[PDB]
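A.B. asks: In case you want the letters, here they are:
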Amino acid sequence: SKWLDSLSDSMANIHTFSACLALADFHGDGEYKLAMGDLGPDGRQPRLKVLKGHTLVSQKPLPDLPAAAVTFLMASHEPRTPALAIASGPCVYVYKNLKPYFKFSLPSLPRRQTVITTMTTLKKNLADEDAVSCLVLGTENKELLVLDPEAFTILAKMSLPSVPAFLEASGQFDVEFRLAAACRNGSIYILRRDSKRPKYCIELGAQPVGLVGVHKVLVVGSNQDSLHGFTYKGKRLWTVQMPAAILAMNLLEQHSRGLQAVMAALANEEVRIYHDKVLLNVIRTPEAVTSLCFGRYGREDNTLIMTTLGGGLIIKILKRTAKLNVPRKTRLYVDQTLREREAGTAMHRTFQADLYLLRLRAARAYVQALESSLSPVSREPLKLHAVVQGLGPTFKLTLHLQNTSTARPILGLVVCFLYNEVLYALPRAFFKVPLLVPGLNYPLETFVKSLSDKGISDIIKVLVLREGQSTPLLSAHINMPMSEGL
Amino acid sequence: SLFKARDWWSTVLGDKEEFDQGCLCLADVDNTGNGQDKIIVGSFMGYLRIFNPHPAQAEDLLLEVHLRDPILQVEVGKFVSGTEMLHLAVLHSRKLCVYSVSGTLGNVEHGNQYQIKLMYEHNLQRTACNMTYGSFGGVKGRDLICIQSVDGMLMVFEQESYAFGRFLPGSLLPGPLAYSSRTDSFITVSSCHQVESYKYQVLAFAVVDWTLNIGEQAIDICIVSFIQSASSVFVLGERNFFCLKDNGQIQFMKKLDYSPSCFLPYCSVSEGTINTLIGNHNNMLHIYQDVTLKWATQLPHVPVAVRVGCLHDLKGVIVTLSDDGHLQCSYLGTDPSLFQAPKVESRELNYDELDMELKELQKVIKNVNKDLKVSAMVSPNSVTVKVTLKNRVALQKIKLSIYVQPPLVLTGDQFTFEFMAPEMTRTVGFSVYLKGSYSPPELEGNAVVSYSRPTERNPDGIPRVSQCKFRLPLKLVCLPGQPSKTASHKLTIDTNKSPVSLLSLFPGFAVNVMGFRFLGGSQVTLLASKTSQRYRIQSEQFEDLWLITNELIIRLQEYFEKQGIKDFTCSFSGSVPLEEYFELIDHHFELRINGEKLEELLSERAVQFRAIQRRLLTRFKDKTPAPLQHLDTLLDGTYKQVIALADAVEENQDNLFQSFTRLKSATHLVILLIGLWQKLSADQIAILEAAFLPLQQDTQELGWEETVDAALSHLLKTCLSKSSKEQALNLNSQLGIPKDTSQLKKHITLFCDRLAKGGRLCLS
Amino acid sequence: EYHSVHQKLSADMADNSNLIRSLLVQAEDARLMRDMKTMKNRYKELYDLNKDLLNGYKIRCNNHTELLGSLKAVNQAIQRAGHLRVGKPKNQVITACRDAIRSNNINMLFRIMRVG
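Residue numbers (the working numbering), protein chains in the order written: chain A, 1 to 486; chain B, 487 to 1250; chain C, 1251 to 1366.
Incorrect hints may have been included.
[What the hints assert, rightly or not] BS3-like, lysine-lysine: derived pairs with alpha carbons at most 27 Å apart:
1) A:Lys-383 <-> B:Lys-856
2) A:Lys-383 <-> B:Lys-1203
3) A:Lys-233 <-> A:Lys-157
4) B:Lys-1107 <-> C:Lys-1308
5) A:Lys-432 <-> A:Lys-454
6) B:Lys-921 <-> A:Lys-432
7) A:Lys-396 <-> B:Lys-883
8) A:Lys-277 <-> A:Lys-216
9) B:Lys-921 <-> B:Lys-885
10) A:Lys-449 <-> C:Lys-1290
11) A:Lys-461 <-> B:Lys-1208
12) B:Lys-1126 <-> C:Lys-1290
13) B:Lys-1231 <-> A:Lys-432
14) A:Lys-316 <-> A:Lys-33
15) B:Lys-1126 <-> C:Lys-1294
16) C:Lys-1294 <-> B:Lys-1107
17) C:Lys-1287 <-> B:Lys-1107
Read the hints as simulated data drawn from the structure, not as lab findings.
Only chain A is shown next, with the shape it has when bound in the complex:
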């Protein structure tokens, strides 16, 4: 136990991802609210929900589904109340005071409809929170747009070898910016300054479910349920496996401690990782969590908001006080190995005699079964078994008949039923059999009806045989169950 559950809600509908789940005081007076641009249950009603404390207060309707909702700063000199930039199709909506304020659109370059799929911000000069942050975006049309921190001029267009899926950024704009775009094609690309081609690709082997940028090393979560720590250069450093499917991840932080690890949501209702030296990020949950956001909520600096699978809402406050089984052989074994050591020849001779008699009796019974055609498996490669379904005075007798051969059909076949014409009423006893395609099971149904006014069962034989010939190719037997009828 290392977390104080502030609110673990179970039956409110909140379906957002950690990219469209941002926290800020979009109004001022130093008290933090939580904006979440979610699509609702499915792609019907996307509504920006604002959370203040424990309960919802406002849901602004959106035109389409928000691919992201990022909070940045917009005043380097004397920062004002920051606004929220949400994305929807080609539109980016800037919301000052959490009110609909401004709308910008992507330059339509040959209508042809574009879409924005991820947003992320990057600092300007001093690498602190009091400075301004330049935007980064990725499009379905293979472009990546680095824009002025206020989104009124295109500053850096970039080409991507594939459609992006996740973005992250580090460094300072003028000095150097590192743009890690994890694409859908099963790779990442680190774009740097003055790139006519991104020039930096890294393979992982599959599509990544997220990414996290620690100070020096970068982290990527694989769709195959693992975490892989790379360096920005392009060399894999370390790998670790997760006991469940990674749903989503984010960038945990605690400036009073210096611990900066990864919050990996798992499908086993858990967050789990092994850091360099200490064993942290170990937290359970009733239902699988799908989005995470660690930040300063309300007034405290170490809140953790989570949105689970079936809606719900979780809030956890982090406390500042952070040989072999070889069997045993009893006396029976030694006494019997003794009697075999003394008198092994008698045992050997009598076993050989009994085995000769056994081969004789088995050949006898097998010849009898061949004679009476009683085998349901025996050129002319066929197989037949029968199933009775039902407990009433009527049973579905389904014959599974299969031609078991490399490639040749079986044209001329018929099925006859031999039954007691007093106890059972079969409508079609004799019927032909379709062209048995080799390798396919043909279920042929029939409806038996128990006619006995009491409970009286009896056998029913099924002969599969060619039309021309008169000797059953094979036979099956069915012990018809008790009537249980009237």
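Guided by the hints, dock chains B and C onto chain A, whose structure is given.
C.D. replies: Relative to chain A, chains B and C alone:
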């Protein structure tokens, strides 16, 4: 020999005799004073037999007297006033007789005689059932006896003198009676499962000292007094074993999982406990210290009485007696014989006979790898058909059954001949007629017979089946009508002969431009072309063309063979329809999809009805009232919807069946046209008839489209197609309900066109 | 007699509930093989059994409310007897009447309610 009652002196005791408990007794009736015991056995016939086994032989039987009336009970005790010598008391239904077995010796061991001298007799005014004996009160040197009448009455006789008789209170059947001396009490197990103990003085003065409701009624009751440390009343119930204290409550009890017959607590070995001995109706004895099973051994017979006595210098011999007559002394077998096959040398394996038989059977095995005529006659006139079936051997379990078609109906369907002696003839007669509206897909009919050939391996005989086909007359389901002129659907069959007069082929349909109306309403037109050699068949429905087109062709062949001409064809230039065919396939598949949708709707309605019914059930289980009219008015609506959906599924099943029967005729005609259009041989026609005409009706797991599509895919894949990408992508065989008939139609058209391009059909 | 009637009604309703569960299973079976005549017959029998069981429920609940009225009458009578006496006689009379009714010794009940 471990866990078996090893035998001793034993003998069967009569010729269909009858013994019970109280027959077997075991004491020193001869008063030898030594200490051995003599086996006394009465019978339900009269044979009082006293033995002294000396291990059978003939010196054993001391005597075998025969008294007139049956012997219910036998006992040994001081039943005479003055002397303190053991006497023998014998109880018959209405008589008590105390004898004195006195034996006088002879100079040779087979010259000594024994006589039973009647020491006294009491007449019983009631029919006894059993009796007990003891020192009633505290009198010494006496064993006076209480006899229980079968109508619940204890008649107490102090020896030689009828003392009194008291009616037991509240008893219908008689139960086991015992006498306790530590408490001076009679103890019975009445019919109301009540073990009741009465005090002797209260009986003599006349009530019940104590009672105990054991759960059943008791076979035997033994108040054992070899030990005086603590008296205990043992009771053998018909399902449970009890040992009860002297105050009345259960000292302990065991729940036997078998049906006991007799029990006997003999002497104890440990401190306080009492070894006891109980015999099953599984003929097995159990030795139980308290309730713990100390031993168990298999008796030869189901004992009716067991005793344990000292017989000829051996203590603790078990003496069992059945009701058949098996009397047996025995001891317990304690030899854990080894489990090893016997090391015999005489008995060896007769390898020659066995090997001849094995070579015979192996010959049949390696060979397996490498007689009733049926004939059907259709009268020329609801036409009456007669099937004649004849044999050449003595066949058995013969069954004949006829299958015509869905629309056509028979008046008799099954005929059972249990046995028909060799080279004999049977003849059945049935009659077939149309019942319905649509016309059947073929006027054929099949008569299948199944019999059993009695052989040497199996006396019930191999099952065999043989079948015959008959062809019903067209004039069963048709009549002449007015020939139309311009119908919607038409097909033209061209022949290489002279156009024949239609009044010749169809003489009961009269006119060289003929018209047919079928029972049901369908109408077909047959036009003989006067300038060409062809004929034309037309009708507004593509299905109704098949029956007339078939009969045109068949009767053309028959006429030209009757005349004597041999050269004859039915070329049918043109194109196979493939467009009025697909409409029937689409109709059939639409009906199938409707049926599946209705089945899902009915599934949902049934689940909902079940949930509401379970709610109502839980409501019914609760004792307290609760308003529920909402629930039952939901149930009524759900149930009426269930009824509606059931009727709708029935309607769809019937519609689908009619669609299937029309599609059968359509595909018949299409195969006919494809065979005329590419000059298909008989085998290449049979392959088509097997691929395109699979089954009789649609079922909820197999239907028409799946089967025909799998078969056509296999034929295209292994006979016509060459490329492998097509063989793997387009040509795929699966047997589940499709999503649309697109693939079936694609494959039928591809099959037609690749037949047109020279391809021919094979199997492998 | 209220006790006995409720016992008999509960027995009968248990019988009919077992019948209804059997018919539910049988109807599901007949519906799984698309045998609609037998399925419709099971559903008819279920309808009829539900009607009969609803009649049985009505009569059982009526008798049960009457039984509750009778039990409250008995308990309130014991309390009215006890409430008539002040102090230690109160619980004495109460327990005496309870023991005289657990043993169905009605005459002793009225004797202890009169003077005792």
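A.B. asks: Compare the structure with the hints numbered earlier in the document and write down the numbers of the violated ones, lowest to highest.
C.D. replies: Hints 5, 11 and 17 contradicted; others consistent.
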